[PDB]
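K.L.:
What follows is the residue order along each chain.
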Amino acid sequence: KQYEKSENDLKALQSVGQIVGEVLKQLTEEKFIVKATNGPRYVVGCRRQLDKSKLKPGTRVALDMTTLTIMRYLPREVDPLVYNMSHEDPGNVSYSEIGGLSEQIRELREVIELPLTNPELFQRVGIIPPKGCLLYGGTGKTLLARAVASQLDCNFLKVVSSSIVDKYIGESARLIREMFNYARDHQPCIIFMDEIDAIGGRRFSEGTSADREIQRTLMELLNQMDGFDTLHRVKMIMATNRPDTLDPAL
Amino acid sequence: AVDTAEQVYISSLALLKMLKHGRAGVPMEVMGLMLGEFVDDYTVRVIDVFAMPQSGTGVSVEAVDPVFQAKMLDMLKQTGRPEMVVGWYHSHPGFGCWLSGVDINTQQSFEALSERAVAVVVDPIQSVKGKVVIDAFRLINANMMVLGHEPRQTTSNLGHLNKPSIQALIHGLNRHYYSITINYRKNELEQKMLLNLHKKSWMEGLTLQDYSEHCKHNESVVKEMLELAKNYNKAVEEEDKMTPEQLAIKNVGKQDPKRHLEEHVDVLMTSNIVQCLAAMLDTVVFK
Amino acid sequence: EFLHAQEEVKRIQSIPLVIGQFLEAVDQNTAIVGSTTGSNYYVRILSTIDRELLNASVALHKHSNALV
Amino acid sequence: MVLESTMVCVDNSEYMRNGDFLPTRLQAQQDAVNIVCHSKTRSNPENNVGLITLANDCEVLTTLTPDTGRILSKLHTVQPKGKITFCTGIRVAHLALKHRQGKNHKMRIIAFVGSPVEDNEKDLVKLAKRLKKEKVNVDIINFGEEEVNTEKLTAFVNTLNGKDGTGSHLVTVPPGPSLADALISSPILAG
Amino acid sequence: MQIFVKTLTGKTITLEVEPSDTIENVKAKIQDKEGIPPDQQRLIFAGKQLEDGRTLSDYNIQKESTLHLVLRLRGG
Amino acid sequence: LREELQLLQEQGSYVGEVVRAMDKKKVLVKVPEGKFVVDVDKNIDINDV
Amino acid sequence: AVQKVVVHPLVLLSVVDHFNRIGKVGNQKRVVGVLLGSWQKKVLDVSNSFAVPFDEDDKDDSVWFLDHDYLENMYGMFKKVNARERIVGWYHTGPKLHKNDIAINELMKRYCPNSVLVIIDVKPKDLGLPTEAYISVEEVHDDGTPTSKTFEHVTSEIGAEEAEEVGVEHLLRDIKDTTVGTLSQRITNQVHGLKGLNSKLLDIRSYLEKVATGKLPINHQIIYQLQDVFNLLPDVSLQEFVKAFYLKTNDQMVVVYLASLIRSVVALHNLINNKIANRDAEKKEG
Amino acid sequence: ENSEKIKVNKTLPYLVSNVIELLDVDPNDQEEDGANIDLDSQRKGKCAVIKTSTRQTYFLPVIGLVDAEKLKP
Amino acid sequence: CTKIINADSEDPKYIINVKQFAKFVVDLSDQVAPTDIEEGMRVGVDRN
Ligand SMILES: Nc1ncnc2c1ncn2[C@@H]1O[C@H](COP(=O)(O)OP(=O)(O)OP(O)(O)=S)[C@@H](O)[C@H]1O
Ligand SMILES: [Mg+2]
Ligand SMILES: [Zn+2]
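Protein chains in written order, with the deposited numbering: chain E, 38 to 174, 177 to 289; chain c, 24 to 310; chain D, 71 to 124, 127 to 140; chain b, 1 to 191; chain u, 1 to 76; chain C, 59 to 89, 91 to 108; chain Z, 5 to 290; chain F, 75 to 147; chain A, 98 to 145.
Read the hints as simulated data drawn from the structure, not as lab findings. Be careful, since some hints might not be right.
What the hints assert, rightly or not - Listed below are the simulated PhoX-like cross-link pairs for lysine-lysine, each with C-alpha atoms no more than 20 Å apart in a straight line:
#1 u/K6 - u/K48
#2 u/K63 - u/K27
#3 Z/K63 - b/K135
#4 Z/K180 - c/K215
#5 Z/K204 - c/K223
#6 c/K40 - c/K152
#7 c/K100 - Z/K28
#8 Z/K127 - c/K223
#9 Z/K46 - Z/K113
#10 c/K154 - D/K80
#11 b/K98 - b/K133
Same shape as in the complex, but just chain E:
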């Protein structure tokens, strides 16, 4: 058994990692113009037994070192940042554990718990449900959020609203991008921001420099939230310590 383990290692230690790649468009049945997130892009060949059709612009592929041609393709990827940002609170927080906020309970409930199951009453009226709302007020705000999170088991996503930023060029915006991507991945889904104030910010005359791409990702999220996407089964939940300071448009 041990020697078998050893030869599994042996025969395992000859494969070669393969260049992760992405395709822009295509020219022929065989010509393919793709690009890896390494940087550059090169014309590249493929395999004649691997569904040359299912390679729509947007797909995710892998490439071999040696000859740089398509060998295998893989489904979506999910940027482990948000993954470990997704499912880390098993809090036993219960409505029993809370009190003094019944009206708030129901208020929140309607806008996040009602439509996710039944849409009828609304179209019977003929009004799309809202997209995102938030509270304002130590009153059990964050705690209440953690509590309500315990009622889906599939589609709760929370973010601290500050780790989002980065030190590299700009990928912070890419982060929120992937976020809304996963949102559309499981159409029922709840994204959450904790004290979105800091990231929120407001208007400035370019005092600092990082404020620039800060506001960049800011307007990025602005667009992503309510522009050119039929907001369906996707609620945003926010809270503050001063609901004054953020952008008036937000």
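Starting from the known structure of chain E, arrange chains c, D, b, u, C, Z, F and A with the ligands on it as the hints suggest.
P.N.:
What follows is chains c, D, b, u, C, Z, F and A with the ligands alone, placed relative to chain E:
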């Protein structure tokens, strides 16, 4: 010893099996056997080629059950006439032709029983229509590489005819193996019956061509040929001007009239002269 | 035979070719390229190029990295 | 060992359909074929045993193969119905043994005839002198019922082992439905 | 008692051995009488691969039996 | 035309920009890449540079 | 049922080498082998083949043999070494449509439902395409027999492929008729196909050899088409078929008259482009 | 000998990287012999994706020596 | 020029950090005392 005038005769039949098996699994290094007929110390003849089920990785490729090998050769003896594994080949995908550090190793296994196992590379990418970068090889002893002694004792002006690529010279050539000049065994047995069998047609020319639309297509070209001649009524008029070597580099953004204006004249001729002549024979022949 | 060579010319025009964008020329049959590498290099051209169809989306050779 | 190739020719003619022999006429000759293909395999591992017929449609029912799992599968509900045509039975026996993987084997054929034949004796004697130029030794073993004293088959074996052949025989059938395991004990013991 | 093995080239060789010899013994013997180490000694008899630890009585391979060898192709 | 196939496989040239040159016909030249100095091709006077 | 067949030049060649390997029999042998391929989109494809051992004796020529174990294992190897590949039918070397090919197809139809055959050429001389294929249809009808079955030719052509077009165009390197201009049509089908119509006029002249002397079955179903051909012989030259013919000559030649008029002016502009390079260098250079 | 050869190819220079995702898709359909490869599409366990600081990403079909259950994104 | 990260006892197995290239599980040279390569320190490392 050898004379570096080895002159490997292959065939007109094996190379199509080489490229079809080489290209159907192109980005992996596919390989197989070479089943041929030995002749004297100088030349060798490889007539038949077959592959095996294989198992590969990115940088390596192996074989599988050996039973496949003996049972395949028994069936080729009883059907046709018996032969012998002339050598073996493999297929660099889009590389060129050299012996890599693993390609050299199973060659070393095969050169023990017979010392003249020919190692063959076929590249089914670099081959466009003409050249088919093949370049068969065979090892030289690295013991004589240690001696600093130059092998193979050139006794004929037939070896140093084809020059190696620099990329194959970066690899083990010429420190562990050598190249061999080859040609192809051609005969009326085969050469007459691939020429007079492949590009042939039967009615494509005794027929007319969309008779209401051929004359319509004789306006679909001529209409823009007016305005293309208006550009030819333009570009000559800006001559006796800036030194027409300048009129080569400058005109690379847009199309010139002059070359494009004789382009359609060939098209507007052969579309008409063929269709006029082919119609005037059916008047005679058909009643 | 010229046609034979003219068809066999495309041995450069194989698959593993890098992608770029053409910028400018200074003479016949030679110019300078721009790829995602940003680094610019001054390389020749081949016959089969229609000089007339040249912000040129261009592919370049992998190893030698010339205009194709 | 010794180079031969044992080729059995089963009898699927329509006169072999009754139940005069005790289990079945089909199964009794089947186990007779089963024990001789265990006698030829274990005395020489190179011999494959496949079966042909001599009926109206001379079919390759099972291929000439060393496995008997196809032979054991087809001989159940084999449908032994058809007119006998032995005049082409010589040709479907001889041309089969020229399709073998070895011609240096001894051409040895057994033939099971259990039906009245309508051959010409003038046609088989041209086929027998054909086998003289083809150097073929066939031991014909009679089963079932037939014209008694095997008409045209004594005259064929004599014109088979003629011209210094002197080694083939004609195992004739007894017209009694007894157990056929003792009838074929003479070819399995010696030639 | 001897045996026989044929390479794909059609070679024909013998090896005087004894029924108590393992296949690995033959591996070494024709490593000395052929050159190829036991690594690529993929040998076939009766259309079957032999393991190097069993005695000759395990395969009933008699004297001068027609075995068949192929190398263990594994280049790349 | 039957030779560029054994000519074009050559690496191209390098686009550089010179602030100025100095003695021994050498040239301080930039590339976004750091600067260097090499000689000049004899066919090039430097007062013209 | 089947639109057409597609044959690669490999399997075209992969019979010839076997015809060489059995060419030492001298006396008589037809090459018969298993045809492999993969028919898709109602188009018959042919990819690979080998040949099965097969003999034939002239007296009582109803005795064939297919060593099916050689058919079982080698296809099992080929199903292993290419699982995309499968059986498509069979072929034979086909000089003259031998007699056993009425039940060879029925012997091995338990593998391929539409077990198609292919007749090839080993001694090429024709003006057509020397690859022929039939199909199996059966009939309880007309007049002939209660059990009737006759083969029918589905059309045939040699398909190409991007892999093998590299090979064959390297393997030709011979006399060629490339540069299709005004002349390739003149020789591929105006020199040639008019003589192609010879051997079809002369082919029905060969059936005509039975007027009172030839073979005993007479006509029944051969003359319904021949009655039609002299009936569907085209219209005579009296109608506006005369007049509308002069009409289009009076239209097609005008385009040629314009296009030739352009050809004279272009080369005249080229003439000054040599008189600019003749006079403006003899004073300069010398 | 196998562990020794491992150690041989288990030299001292190593590439650092961080986990991105551990891939688990099925084997492809359908595979044949001839040009088979025991590496590509022959099982469902297990694959993953990583990134060195040099900003590269390669696909691992083979886990390697250690197990991955101990690991995570 | 090279920057340290951390180490382990009984076996060299140090962790390096460099400017543009990534980090590597690394080793020292015997030709120096095995000690004063502790964390928070700048060291030299051959190019190859
Ligand atoms: N209404 C309440 N009922 C019971 N306990 C409460 C209540 N409000 C606050 N608490 C307690 O105080 C803690 C504070 O709750 P949080 O939701 O973190 O407060 P918050 O209002 O979000 O304050 P910030 O924003 O962190 S300053 C809870 O975890 C409880 O332990
Ligand atoms: Mg809080
Ligand atoms: Zn290789």
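K.L.:
So which hints don't hold here, by number, going up?
P.N.:
Failing hints: none at all.
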